[PDB]
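Participant: Read off the chains here:
There are 4 protein chains.
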Amino acid sequence: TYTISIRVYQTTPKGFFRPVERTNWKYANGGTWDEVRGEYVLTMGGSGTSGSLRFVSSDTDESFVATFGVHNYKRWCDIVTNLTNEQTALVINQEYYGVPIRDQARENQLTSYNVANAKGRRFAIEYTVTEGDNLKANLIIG
Amino acid sequence: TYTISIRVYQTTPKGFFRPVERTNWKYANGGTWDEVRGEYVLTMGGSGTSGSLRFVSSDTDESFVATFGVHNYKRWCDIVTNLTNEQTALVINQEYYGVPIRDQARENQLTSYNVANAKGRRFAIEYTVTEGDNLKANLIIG
Amino acid sequence: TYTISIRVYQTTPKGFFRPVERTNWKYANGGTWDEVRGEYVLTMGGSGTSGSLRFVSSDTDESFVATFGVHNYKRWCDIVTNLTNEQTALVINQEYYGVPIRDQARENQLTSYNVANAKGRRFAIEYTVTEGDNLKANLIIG
Amino acid sequence: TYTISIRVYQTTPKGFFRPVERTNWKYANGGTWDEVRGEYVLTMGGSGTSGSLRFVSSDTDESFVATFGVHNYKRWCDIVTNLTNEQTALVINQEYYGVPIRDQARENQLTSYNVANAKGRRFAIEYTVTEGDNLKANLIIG
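Chains as they are written, first to last, in our numbering: chain A, 3 to 144; chain B, 3 to 144; chain C, 3 to 144; chain D, 3 to 144.
Each statement offered as a hint is correct.
Straight-line C-alpha distance at most 27 Å; calculated DSS-like pairs for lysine-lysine: (1) B:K28 to A:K121; (2) C:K16 to C:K121; (3) D:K138 to A:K16.
Which residues of chain A face chain B? A few of them, derived with a C-beta cut under 10 Å, are: (4) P21; (5) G32; (6) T34; (7) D36; (8) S54; (9) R56; (10) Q89.
These aren't lab readings, by the way, just hints derived from the structure by calculation. Even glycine gets a Cβ: it sits at the ideal position worked out from N, Cα and C.
Working from the sequences, and respecting the hints, build out all of it.
Facilitator: Here it is, written out as structure tokens:
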């Protein structure tokens, strides 16, 4: 059993990102999202699946989907921003298992990733514990 | 803009269902899930989309997905239980837009629905406000 | 270190009780409230303190304070209802350390307790795990 | 009726502050805490009362209590850090109605306040809406 426990950091009072969606991919017996001691915890039965979180800032018309998983026993992550209204986390989560560019992001098995939106704001995932059964990550909103 | 505000009633202290997933379908400019005063609020851009909540009772190996939406300007709902390990809310929500047995349920535009799992536990949705932009429902776990 | 993990059951769709307050008494180095996997978790460094939760049903003008703690290495609980507007959880929690009738409730070290309000609705605390470091309780709203 | 809607910004991925306590003072018919769209909402019956939030970073042995209220029809705020183990939000909130050094802070009716703990970490409250029934504030953790 894997857990990925995520701490969210909003670094500037410019805009306000709120959680709006949390999804689980169907592989490796699925998985769950729990809130535990102020953290978002993704639990998976083993390697080969993932889950996504979407955050929205209605004040500034900004949003992103952050995806976390394990591929061949190594943690991975990605962030997608500049979302269309059709790009919910339900949509994005699935793309990592069929869309070549997204497949590659998962295959990269990154301990850290960052991307900025068209408005200039950067988002980052940083795994602080990168090995073992209880992985930990910071989700940093710039 | 539509909202569906959901109050969850867990009625029986045998097992414990916890929220594990909340999804948004991509049609009608998508949507969001918010927690508001102890309720789950699904907000949608217009008619033709939906969102799902999955609950799991790990103590008793039980689970269900409850889906809420608006089809042709009328509210709808459905519950799926006796889930396989592959049937996350991400999977189930999407099935309402392509899978015949799910399409028909959506097209029924029900104000109430109930189902029992193999263990005999009843799950129910009852809309308490069935008209207008701001709909309300009870989700009752038996 | 003690934890008391509380599962809330709302047994009837009549009214809707929502969480509005959570307090920690100052003895035995205080304590904390956490949300963990859908449960309310009170953590205390040792015996001799407590914490309170207040729930309100605005629909029906009902409310109660539920208090949980450990006294001389035995768990205790109490519920106060028919609250005046001045009886917040901050107020009620403290009364178990100075008010004779409340002191007695704590000294009783109950594994279960129930009380009904003037409107006829009953509330109950039921400890399902009554011994050890990780205590568990059902909070049942009738 | 007053509301104070609070957005929490945790700006630095060194340590992690989690919400552990939320209290309501007894004056002006008390009040409630609600979670609304990712924000903390303190609702009060009238002028002359307050509510407190405690946050703890267990990883770095840091904590603070942030208090928000209305005094003589003007909003006020304060932060207390470098807390002893006995100083829960239950304790701190009550001190604003009897303890001279706390009374004076409330009477200042501040729209903004900041303080640093012994480790040099800054905590700040800034009201973004300073007039009317529905007030807004940022709680910024440095």
